[PDB]
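Peer 1: Next come the chains, spelled out residue by residue.
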Amino acid sequence: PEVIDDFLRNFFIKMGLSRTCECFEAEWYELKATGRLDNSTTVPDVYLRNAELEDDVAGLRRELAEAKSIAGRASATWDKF
Amino acid sequence: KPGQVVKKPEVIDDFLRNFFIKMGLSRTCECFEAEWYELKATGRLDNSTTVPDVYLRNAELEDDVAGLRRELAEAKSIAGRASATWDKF
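Taken in order, these protein sequences are the chains called 0A and 0D. Just so we're aligned, residue 72 is where the first sequence starts under the authors' numbering, counting upward by one. Just so we're aligned, residue 64 is where the second sequence starts under the authors' numbering, counting upward by one.
Simulated from the structure, these hints should not be mistaken for laboratory data.
DSS-like cross-link-like pairs, simulated, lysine-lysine; straight-line CA separation at most 25 Å:
{"#": "1", "chain 1": "0D", "residue 1": "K139", "chain 2": "0D", "residue 2": "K151"}
{"#": "2", "chain 1": "0D", "residue 1": "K71", "chain 2": "0D", "residue 2": "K85"}
{"#": "3", "chain 1": "0D", "residue 1": "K151", "chain 2": "0A", "residue 2": "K151"}
{"#": "4", "chain 1": "0D", "residue 1": "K85", "chain 2": "0D", "residue 2": "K70"}
{"#": "5", "chain 1": "0A", "residue 1": "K139", "chain 2": "0D", "residue 2": "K139"}
{"#": "6", "chain 1": "0A", "residue 1": "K85", "chain 2": "0D", "residue 2": "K103"}
{"#": "7", "chain 1": "0D", "residue 1": "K139", "chain 2": "0A", "residue 2": "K151"}
{"#": "8", "chain 1": "0A", "residue 1": "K103", "chain 2": "0D", "residue 2": "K85"}
{"#": "9", "chain 1": "0A", "residue 1": "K103", "chain 2": "0A", "residue 2": "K85"}
{"#": "10", "chain 1": "0A", "residue 1": "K151", "chain 2": "0A", "residue 2": "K139"}
{"#": "11", "chain 1": "0D", "residue 1": "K151", "chain 2": "0A", "residue 2": "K139"}
{"#": "12", "chain 1": "0A", "residue 1": "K85", "chain 2": "0A", "residue 2": "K139"}
{"#": "13", "chain 1": "0D", "residue 1": "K85", "chain 2": "0A", "residue 2": "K85"}
Using the sequences provided together with the hints, build the complete structure.
Peer 2: Dropping the structure here:
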């Protein structure tokens, strides 16, 4: 795999800036139709690991930040009880 | 490698910047820079370190995984303890 287009799109999704990066999604398409580069510069494996760890740390941080929040809600519950 | 200029894999941000410059996608470069600065300002994803080393970024992500995960699973255990306490109350 390691298609630079897919890598860029996934990184934009992770960063949440894909909405403005849709401008890139259009520019890339137009210049690909013009055929500036018929191939894709392969992404380095280390940058691939960067993206993977980015989404993984995102997973942890959000998936248990919510745990901190539910712990606070439980704290309120046992305070009332 | 006699007298060769050192080239190292830079940070992901600078790598994407250089890729945009190389392909000439100037509009995309402008949009990415502007929105990246806005993202840093909003602080939704603020990377404190700015050392342009990809291996160092991997190290930062891994130590984040470890140090954060321990406390966060600790918070899940604390939520379980709070469940038990409110059952008792």
